[PDB]
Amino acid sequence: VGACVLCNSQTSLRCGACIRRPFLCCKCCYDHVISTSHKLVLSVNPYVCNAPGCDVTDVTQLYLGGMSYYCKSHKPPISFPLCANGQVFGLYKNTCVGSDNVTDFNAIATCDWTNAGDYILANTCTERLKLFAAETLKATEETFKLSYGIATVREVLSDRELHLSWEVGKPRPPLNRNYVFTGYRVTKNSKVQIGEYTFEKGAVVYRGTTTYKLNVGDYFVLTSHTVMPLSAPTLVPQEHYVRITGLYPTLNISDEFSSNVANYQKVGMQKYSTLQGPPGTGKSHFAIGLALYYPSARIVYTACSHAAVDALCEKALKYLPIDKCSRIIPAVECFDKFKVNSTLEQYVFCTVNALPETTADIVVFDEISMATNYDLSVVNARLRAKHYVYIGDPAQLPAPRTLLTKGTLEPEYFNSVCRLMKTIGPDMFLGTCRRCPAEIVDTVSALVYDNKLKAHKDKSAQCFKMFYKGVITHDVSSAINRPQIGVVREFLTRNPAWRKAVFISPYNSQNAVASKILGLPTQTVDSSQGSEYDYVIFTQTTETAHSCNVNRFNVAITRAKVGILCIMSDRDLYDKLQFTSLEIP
């Protein structure tokens, strides 16, 4: 028994073909079964023929005869069809409203999440369907990880390097950081975990959560988890107040945080507020400063990633009493300077998926572009708060959508929060970039911030661009552009100061090649988000949708504090780079 996800209508029916088994009301369950391939229907029992060795599960082909269910062939003389009168049979048949269109719920229930339009709908549908879609999508995502073949240690060529043997008749996952494995050792009558791991082409290079002397017969699977059902909305109902509510501002504030006092007041005058913080505009400074501006307030700092929460902890360590901080960790190495798992501490730092059920004066959800509607709902379910602050930048990178291949995901579709920021705009904006030379700020201001991002620094005159397509090679799941690495090799011989530079590309394989040939440290654009470096050398590698995504490019070039060399494939983004052009040697 439960609630019709389309009506709320009290019901005893869940669609059994739907991977999430949503409750559907006689009306909505019917309109669902007759307009899709979904025909299995679950109640207190499953609407299946209880005849001995009959394979009828279609509810349109079944009858209640006795207190048991039968097809045409097996039914008793006295029976009524389970599925008639524009309704499917079960409890609470008299209380049932239906819907004018069930189109959206069908699309969500039946889509394979490979098309952009699938994620668009999960984001523009009604709120109750945003939760359904969010569960359905995450469950699909975690089942797609089982489709992957087991990798097994066939030889241990060295340390940090392995030879893998791969399960037959199953695909192998891409070997980049976005796929995190879990090793296992071959025991008497079972298997025990041996840390999480990642891999990159060699043989294969492996960067594991722990060190070991791992040996042959050890194997690896992408660990998938149970997806719990969602209750809370992605956003609580907005409220605007006429005075700061449930928060007492400080009388004395430092000139370090004085620029955010207007914004901290806004935070107190609405139920939830959105802060767009471009690169190096001071998001974590903002988040910690709120604590000092409302000193007596209980604040739960949350984000999807351990890294994001840890970065909030690092900043907190610099400004807030340590004795008033706690880091929530469930029973990966993260921040270990606060007392661990003290829920009742004034300042709680904690990933979304580890949150305790608790209340608070403020909740700060950081790096909001990475969040999914699943994470949004979870926060609202675990944390009942006077005020919610969502800090991030919808011009930066979303969570990877492992299933998505057809279409690009626009920032207004990353989650309910980025939707608000891209349609009504953000409640608050950090409009001065402190990190980047002005040439990079001028470029991303035009490119993604509507000319509202200002440069703190001057021009470095150390921002260069080269238009060089070179030669693209493709391996199993990545791209390589050796001639673009060649151009950088040659650039470094003539400009050896740049040997302090980080190498960034949109592809892990390009990175692997560049590390051998250049020996710069390397990052994927995606791994670089939230880091800065004095000098960045960036090879676009290809002119794909991946390598031209304006959000990725934005993250790539705003990593630089002083200078950047962009070797570009795409004439479009090259022409948008407000950098010094260089000819090809």
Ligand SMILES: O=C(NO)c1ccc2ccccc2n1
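Residue numbers count along the first chain shown, from 1. What we label the rigid core is the largest C-alpha set whose atoms superpose within 1.5 Å from one form to the other. What changes on going to the form solved in complex with this ligand:
For the residue set 216, 228, 78, 262, core-aligned C-alpha shifts between these two forms reach 2 angstroms or more at a single site, 78. Once both forms are fitted on their rigid core, the CA atom of residue 556 lies less than 2 Å apart between these two forms. In a rigid-core overlay of the protein, residue 59 has its C-alpha displaced by at least 2 Å between these two forms.
Comparing the forms between these two forms on their rigid core, the Cα displacement of residue 402 stays under 2 Å.
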Given for the second form:
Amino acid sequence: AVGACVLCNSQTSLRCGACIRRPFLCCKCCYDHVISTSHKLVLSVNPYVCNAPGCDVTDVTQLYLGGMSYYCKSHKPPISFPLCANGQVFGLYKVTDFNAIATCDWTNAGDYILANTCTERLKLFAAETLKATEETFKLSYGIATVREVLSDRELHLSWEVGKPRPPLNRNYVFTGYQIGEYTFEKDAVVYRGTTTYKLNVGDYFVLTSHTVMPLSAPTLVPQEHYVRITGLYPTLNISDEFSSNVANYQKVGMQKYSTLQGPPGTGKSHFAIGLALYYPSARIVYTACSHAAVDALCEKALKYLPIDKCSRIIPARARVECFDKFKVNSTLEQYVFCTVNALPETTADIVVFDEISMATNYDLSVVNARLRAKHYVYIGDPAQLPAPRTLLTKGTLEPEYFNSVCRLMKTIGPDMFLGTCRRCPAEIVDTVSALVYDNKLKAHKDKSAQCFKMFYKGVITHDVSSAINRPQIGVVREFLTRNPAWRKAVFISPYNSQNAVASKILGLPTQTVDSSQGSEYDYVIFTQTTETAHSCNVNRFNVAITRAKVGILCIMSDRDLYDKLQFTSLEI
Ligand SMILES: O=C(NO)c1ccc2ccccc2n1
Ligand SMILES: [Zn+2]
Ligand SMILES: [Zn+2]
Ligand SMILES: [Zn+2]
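Alternative state: the form solved in complex with this ligand, after the form solved without this ligand:
Next comes the full complex, this chain leading.
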């Protein structure tokens, strides 16, 4: 009931009762808020409401102080002071951006733009409010009850009337009952639970409604610049493998935090594990939002770092299968690999946070709260995919607004830039360099002469909203007959429904653009499916085509992105 103002830290008993996070607001800032928003309920030890029996006046602008009690204009005593006077709300110990964050529905892009351009304390308020609004929104969808169990990987379901049905993709992990978490894909719905239980008919699955904890630590700690490497001890016997990053590792020891922008295949994993070989005594915590990103870092460490000094932290509510070669849950091992949401309360000499475009300000703050380190290193690429914002429907979110780190990388630029792509054929590197990296990404490989583009709009069908283009899958099928080396290709598309149709017809392994991020394949077959804002997104486009080591076939719908592709044009 007594804390500090979320706008100027001025100690106060006042909290906004109309805010879903009930932030402490000082007399000056509380007034500026209630006089401009629909928010008029003010909370103290006792609420600011009319004390007169059966009176429902709760608006602080319509209330007055009767000695030590509160009353409306109809019930106030002769000697009373309005709670709102001279730019203040009465309380003990006696902003336009805060009003917008506190009242927005988080469905517009301008809401997220503001959540990142605001002050630091408002970035945490925006992050808490957004995350709590994302969870209260989970109470809105309808329950699915089992009607029939077809097999071990398929079932038929009954849906709740009056409440809408949620998107059937691997993104929306349902929580079933206490049989564990369960996922779905499209009347024969394919079921895939984290736990393998012979599902009983009549059982029900409901979405993961978790409670949002408050944020204390900033998204980014205040920057410090040092004259020498601080708290870290370099090697002199440094493997020629990592000699290219020595100057950047030294810059890491001479700053509190450092940003590394690394386009696809420029050596981000290599940079992260080499930093451990450069400061060999340093205790490093490797973190990322996804289990896949943390696992990718584990594969690189297995190759260069002693397997005994490594540990993979796995939480009890195990949703996906993880890295199995390190000792599990040993918080004290020199090298700790763990996802943001499972981080223990520990300290480190260096913290490395990878796949930084996928992080939210909620995640940035959590890392600063659970880990107290001498140095922080943010590795990622603002030209790659951000975390999905489930409430955002109106407008497109730009990279300088993904999180505080991406905002820094897109405005002041990154501290370090890995400029040479070692993975992709030159056709792909030249296209993405011009598309998203301002011609600064250089190709290490020559042109493979296996990068093709075909302009084919086909026919667009929709399974609810995930789009399908059967003629584009047919064009791929025709190409494969004439190109058997492409038999070993991974099929990629912006839609899971397209991928389900392509897996049945082509039999190729399948990946959405979003789930392909971080991975690499010799051959990639990409069908754009539609020319929507989703499939034409340049960050998704950049990710889609930078998955290929040898060859890529792009069946395009957008003339703009087709014309930008510096690939060999095909006909049929
Ligand atoms: O070792 C690596 N991964 O296997 C790697 C990848 C990409 C690189 C790019 C430039 C310099 C070095 C690199 N190293
Ligand atoms: Zn204040
Ligand atoms: Zn409010
Ligand atoms: Zn009253």
